[PDB]
Amino acid sequence: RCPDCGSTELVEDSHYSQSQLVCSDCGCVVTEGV
Amino acid sequence: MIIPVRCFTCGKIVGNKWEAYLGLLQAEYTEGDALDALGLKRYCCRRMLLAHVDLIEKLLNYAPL
Amino acid sequence: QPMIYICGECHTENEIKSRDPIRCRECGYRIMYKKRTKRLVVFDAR
Amino acid sequence: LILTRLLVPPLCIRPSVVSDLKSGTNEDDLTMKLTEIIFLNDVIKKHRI
Amino acid sequence: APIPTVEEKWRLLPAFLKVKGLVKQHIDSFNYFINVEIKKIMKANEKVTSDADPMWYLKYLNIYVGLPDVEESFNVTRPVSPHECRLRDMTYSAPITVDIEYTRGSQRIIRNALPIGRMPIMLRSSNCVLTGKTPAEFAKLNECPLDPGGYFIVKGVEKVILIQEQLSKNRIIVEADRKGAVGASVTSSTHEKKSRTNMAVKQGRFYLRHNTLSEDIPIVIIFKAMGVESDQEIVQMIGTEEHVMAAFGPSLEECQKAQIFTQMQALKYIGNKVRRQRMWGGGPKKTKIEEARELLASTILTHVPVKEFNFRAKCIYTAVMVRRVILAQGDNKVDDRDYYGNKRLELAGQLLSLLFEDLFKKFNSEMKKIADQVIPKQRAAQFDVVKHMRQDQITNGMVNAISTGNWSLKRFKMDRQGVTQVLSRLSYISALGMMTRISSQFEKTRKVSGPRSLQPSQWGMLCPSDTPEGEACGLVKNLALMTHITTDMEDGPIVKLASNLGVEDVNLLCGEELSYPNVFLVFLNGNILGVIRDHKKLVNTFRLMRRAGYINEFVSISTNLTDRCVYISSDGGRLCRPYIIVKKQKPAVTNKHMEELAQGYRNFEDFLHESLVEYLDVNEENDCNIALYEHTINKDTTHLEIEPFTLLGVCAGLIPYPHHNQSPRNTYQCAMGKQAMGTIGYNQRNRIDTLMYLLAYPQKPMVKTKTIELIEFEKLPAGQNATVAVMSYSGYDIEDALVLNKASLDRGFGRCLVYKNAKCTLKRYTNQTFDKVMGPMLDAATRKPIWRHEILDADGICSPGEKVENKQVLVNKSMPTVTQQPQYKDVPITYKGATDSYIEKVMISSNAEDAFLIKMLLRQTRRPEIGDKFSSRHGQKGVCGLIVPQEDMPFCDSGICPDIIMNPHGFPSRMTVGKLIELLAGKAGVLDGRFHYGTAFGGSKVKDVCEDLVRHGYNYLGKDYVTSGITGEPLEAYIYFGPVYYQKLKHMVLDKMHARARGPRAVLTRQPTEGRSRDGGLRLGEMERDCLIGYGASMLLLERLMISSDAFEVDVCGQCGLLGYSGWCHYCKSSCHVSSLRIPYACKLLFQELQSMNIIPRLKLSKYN
RNA sequence: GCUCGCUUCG
Ligand SMILES: Nc1ncnc2c1ncn2[C@@H]1O[C@H](COP(=O)(O)OP(=O)(O)OP(=O)(O)O)C[C@H]1O
Ligand SMILES: [Zn+2]
Ligand SMILES: [Zn+2]
Ligand SMILES: [Zn+2]
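Protein chains in written order, with the UniProt record's numbering: chain A, 6 to 39; chain B, 1 to 65; chain C, 13 to 58; chain D, 250 to 298; chain E, 18 to 836, 847 to 1132.
Some hints here could point you the wrong way.
Restricting the straight-line Cα-Cα distance to at most 27 Å, the calculated cross-link-like pairs of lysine-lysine (DSSO-like) are [stated by the list, open to error]:
1) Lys-47/C / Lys-732/E
2) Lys-12/B / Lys-759/E
3) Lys-47/C / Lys-57/E
4) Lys-271/D / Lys-859/E
5) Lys-50/C / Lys-801/E
6) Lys-271/D / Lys-882/E
7) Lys-882/E / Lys-47/C
8) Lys-47/C / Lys-868/E
9) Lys-820/E / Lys-50/C
10) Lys-50/C / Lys-859/E
11) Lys-773/E / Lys-172/E
12) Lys-17/B / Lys-732/E
13) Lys-47/C / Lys-773/E
14) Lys-776/E / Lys-50/C
15) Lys-29/C / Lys-801/E
16) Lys-776/E / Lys-29/C
17) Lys-50/C / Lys-773/E
18) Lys-1111/E / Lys-282/D
19) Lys-12/B / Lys-882/E
20) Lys-868/E / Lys-29/C
21) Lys-41/B / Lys-759/E
22) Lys-29/C / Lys-852/E
23) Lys-780/E / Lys-271/D
24) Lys-57/E / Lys-211/E
25) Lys-271/D / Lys-776/E
26) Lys-986/E / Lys-41/B
27) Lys-968/E / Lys-41/B
28) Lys-50/C / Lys-789/E
I should point out that these hints are in silico values taken from the structure, not numbers from a laboratory.
All chains should be modelled from the sequences, with the hints used to inform the complete structure.
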């Protein structure tokens, strides 16, 4: 779940070679870096 | 691979004069007189037609078909 | 769902399902290409 | 100056790669050296016994 | 009265190319290896038996390699084409089988066809399927008819075995040492052992040094040990010159100081200086003198053979060596290593022969071990080798040695690397030039600068200009256009003719005759063949007999008047070049012979047999007189040069008028042509490689060299002819830059295609589970696949014809995590790319291991822009500085606007007059519809193209009246217009552009990665830090090297000085003195590593005030 | 992902 909005729309979307699991609703970066 | 439609420098339509040029090669015409008869006054179209290699048939020989 | 492929020498439309040994009828070639898609594709003349 | 204990470093100095494509893992040379040292200590103890 | 000249003489060159030339070397070597050498290797190890249980043996009868086949089918073979091996990522090999006879239970059992291995088949070889095929049959097999071949295909990759260069074996080398002492060295190498024995003069006396001796011993003691005990005979063998005796006096005095006067005493003294090879197994039983005699007979000077413990030949050899050292101790006539007459070239044949011999010996040893372990204790069930003949040994050995490229032969103790290299498919010229490469034994790691020089011995053999610019300058070379590498001969008739020609036996006379001024020593591959008088008659008779055909045409004979030695070379690897024989100021080749050759009456072999053209070696041509042209022929001429432009190699042949340019320009042009973009072959569409560059509309050059016609480069061009005007425009072409025309690029000029490969594998594991591809994950909201899975088809594999964007999946691969229900995790093949790509084809194949291999060929169509690198076939590499519109380009009276505007300032510093001559010839040719020739040391002259220009109404110097396109006013100076063959290079700004955000870091040291494919950041090297220090920018250096790279916050205890964690010190078991501190992560790693090394750094912290 | 080798680039 997202720590800010509590949503479950956590998508793994890499932004320019940066692995990043981020919430799809508010854009809160859950996890980043591999 | 294939004859370009437009000349690189000027832009005269040269793709339609390729096969006929080959006909002039199938006839007794040389390179210079054939290029003159085709209407290529400036040397850019002469270089375009003369220095072009017909590689499309060599590739079609390897085509699936 | 009929999945279609093309052989490397016969060039015939062969329908094979999942987990099948890659082969082609009336021959023994083992190179199987995929047919071109039917979706519309837009190209720019630039 | 004479060592009787060996300080094995943390895992940060000895990175381990989990290569799931095969049945093995990629380890640095220090881990193998420490493994061989422990094996030699055990063999020495076994021979002493 | 000028001497008549044969105009058609150059026609001798293509005929030579019909049976020999560029690629025939490796092909012939591989054929000789697989047809003759392999049988000899099998015969050398035909019988293998074990010591236990005698009367048991395994006898090989005959070995075959057969035709290439694939083991895909279940226990069935099938013919496979090399292109299929390229596609399926398998090896192109043929099953090595052998027929044998053995004894199972003392009853002879024979097998007529039992496979034992797989030999990788070289392309276009004798057993290759591609040989003896027509271009139509090549099209049926999806192989280019113009492909040079000669390379191996292993696991889908193309490996080429480079020609190795090494020093000749069994040759005395007189050289100075580190301290200036002029000593000698001889590396006696036989089929079994190679031993380098040296001789020094460190203290005015000669000591002999070998690896089998504890200390170097005087040469006189060795003389006394080898049978000759009288000192007078030793002195006579050394020489009778006064200075020779004066130099050898100290050695005799030192020998007389000791009590060594007989053979037994000398052998005992030598044995005292012999050390055991670390407790050799077996009872010695007083072997000291015996070990000394065995080392003298077998180990020392292996190439010099002793009939039955008769060291007469070895004594004469070491006496000649001492005499050479004495003569060299005066006038500094030190032999040089870079002289290519002492060089030998090993092709793929000899390397493969050694490798196969080693592998077969290992297989025989393994079989003998298995026999010894199985036969004496198993059961009454008689053991047979057939149940234990593993067939994967030789196959895996060959595959690994060819693929990895490192060769480790313990039987010969040879540890080589970089033997095989990936064939470069940048262009046809790239592969054609890489096929004829030669690496040096120096194996560049340091600045030698002694072999890197261009020696005059490379004349006609190796290309002088073609060399990789960089660290490998001078140590990687290319063969000439007309050259040949000799093979090994039988050496029998050579000895017979030498004995019949009056060569006196060396055993019949003493060494004093060696000191006579008219007596010449005759050698043979490093062995003393004997002595002779009037060596001119001997040399003339040997050359005439070689011309007649009774002696092999590759046997070389040379004479050294300084050392008075007649060398007869018959070993393989020597470089030879054909030359026309000249007798009495008139060449043997006439116009009638060339007319018969043109009509087809005779071939090059007929010229060889009729004593018209003969092969000359470097050592042989050292004594011969060669004339470049007919007018240069004088009274003292023995040979005539066939064609001077054959001096250049393959890559250098593309240079139009290379003799009008500078040598660094030619080198840079060769380097860039090795990277020139263009077509690869007629099968370039079905070919799927990891990286391919193709040209949209390639055009053959207008100024083509005869080498281009010979190598058929005009069928596969790698560039385009553009109307270049040499002038300065807008100041965007300051240093090497060029201005491109927008309208030209818009109409297809310079348009290029980049093909990349994306391969995925679905393999079956040990457990009965397999990798499976899921369908496109359709979105339930819109009933359509998601943006990531948009391009996927119904089977989860991307379909050709669509465009792929960044971070899109091509194959929806999911793999199990077990190796009870299987658990699959997704590992899709995402497309990493800045620009979009189009899928041309998707190939799906199945290997024998049920692993599905999927290869997608992505295509990108790129247009020339700012940053693309362009070449002009003259080393004038440039970058597109500005793209101006057509109306901004200047125009002539006819209305022609230039495509490429190049800076004139690049001409004076580089003196590239050849570029101007090529431009003029190309303009004349496109005017009169002809193809002028830029042949080296020849070609069309300037007067002819000037007359062609003046005839057509243009200026006789290329400069034409031009009106400025911008202001509309005529220019004050005429502009040099003309068609130039510009070639685009693979170096693009799109692939080289890089930008690095925070991104990922490395696990060991938390710093950005290295490569762009790894998305790494730039590195501030030591010199950048030095510059930042010199500027005095402390804060910028701190931000770059600490804040932005490896910043971290550690916890240090102020009591013990050690590193804590989470504000706690485990050492002191307290947390009151623990304080945070900023630090580079590499510094913390260093501190931890030092603590691991018992070097404990104790940090005493303090307030910043 | 670590290592090594080749190759290019200025
Ligand atoms: N090994 C190297 N170390 C440092 N810089 C290098 C190296 N190789 C190339 N460069 C860069 O390339 C430049 C070398 O060019 P330079 O030698 O001056 O001209 P050039 O290559 O001789 O061209 P011409 O042959 O004169 O046309 C200078 C340097 O910044
Ligand atoms: Zn034109
Ligand atoms: Zn088929
Ligand atoms: Zn503490």
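Are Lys-47/C and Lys-773/E close enough, with their CA atoms no more than 27 Å apart? Between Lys-47/C and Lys-773/E the Cα gap is close to 19 Å, so the pair holds against 27 Å.
For the pair supplied as a hint, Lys-271/D and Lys-859/E, confirm whether the alpha-carbon distance does not exceed 27 Å. holds, 25 Å
Assess, step by step, whether the Cα of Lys-17/B is no farther than 27 Å from the Cα of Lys-732/E, and give holds or violated. holds, 21 Å
Verify the proposed pairing of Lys-47/C with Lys-57/E, using a straight-line Cα cut of 27 Å. With a Cα-Cα distance of about 52 Å, the restraint between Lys-47/C and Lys-57/E is violated, given a limit of 27 Å.
Within a Cα-Cα threshold of 27 Å, do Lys-1111/E and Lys-282/D meet the stated pairing? Holds. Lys-1111/E to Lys-282/D sits at ~23 Å (cutoff 27 Å).
Are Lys-271/D and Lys-776/E close enough, with their CA atoms no more than 27 Å apart? holds, 19 Å
Sort out whether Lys-732/E lies within 27 Å of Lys-47/C, counting only the CA atoms. Not satisfied, since the Cα-Cα distance of roughly 32 Å exceeds 27 Å.
For the pair we were handed, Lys-50/C and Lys-859/E, check the Cα-Cα distance against 27 Å. holds, 25 Å
Tell me if the straight-line CA distance from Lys-12/B to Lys-759/E falls inside 27 Å. holds, 16 Å
Compare the distance between the alpha carbons of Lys-820/E and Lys-50/C with 27 Å, and conclude whether the hinted pair is satisfied. It holds: about 13 Å lies between the C-alpha atoms, which stays within 27 Å.
Pair hint outcome, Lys-882/E versus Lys-47/C [Cα-Cα no greater than 27 Å]: holds, 14 Å
Agreement of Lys-776/E and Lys-50/C with the hint, judged by alpha carbon distance not exceeding 27 Å: holds, 24 Å
Going down the numbered hints, you'll see the structure goes against 1, 3 and 19, while the others check out.
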